[PDB]
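K.L.:
Read off the chains here:
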Amino acid sequence: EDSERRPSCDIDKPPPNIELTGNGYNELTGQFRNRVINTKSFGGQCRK
Amino acid sequence: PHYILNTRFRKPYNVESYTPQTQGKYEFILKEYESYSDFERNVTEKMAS
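The listed protein sequences derive, respectively, from chains A and B.
Mapping of the first sequence onto full-length UniProt numbering: position 6 corresponds to residue 125, and the numbering continues sequentially without gaps.
Mapping of the second sequence onto full-length UniProt numbering: position 41 corresponds to residue 242, and the numbering continues sequentially without gaps.
These are calculated hints, taken from the structure and not from any lab test.
Fair warning: there could be bad hints in the mix.
27 Å max Cα-Cα, derived DSSO-like pairs, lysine-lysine [said to hold, decoys possible]:
no.	chain 1	residue 1	chain 2	residue 2
1	A	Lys-167	A	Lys-132
2	A	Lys-159	B	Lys-232
3	B	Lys-247	A	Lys-167
4	B	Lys-212	A	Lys-132
5	A	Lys-132	A	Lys-159
All chains, full assembly: derive it from the sequences and hints.
P.N.:
Structure (structure tokens):
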């Protein structure tokens with residue numbers, strides 16, 4: 120319900136490629152690998 | 202909420218990640234080869250009486 124909903128934070132924007140920080144890594148080809156850590160579990164927090 | 206530059210996007214349920222991964226390469230080569238040759242050969246012979 121819109122009566123039950125509340126603001127979690129003032130903004131929705133992350134640092135511009137925070138996504139790449141949660142990728143996996145293949146040491147032996149040297150390349151990055153697909154999404155391992157959820158980079159954006161805001162966790163109901165307004166850490167700005 | 203997902204962002205690229207300042208534009209905001211919706212991710213299809215089927216897709217794990219769409220992310221800029223923003224990488225660029227340029228590779229350039231220029232080559233020249235040149236070769237030149239010039240040959241000149243002559244004869245002269247004379248007699249008188």
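K.L.:
Which hints from the list above does the structure break, by number from lowest to highest?
P.N.:
2 and 3
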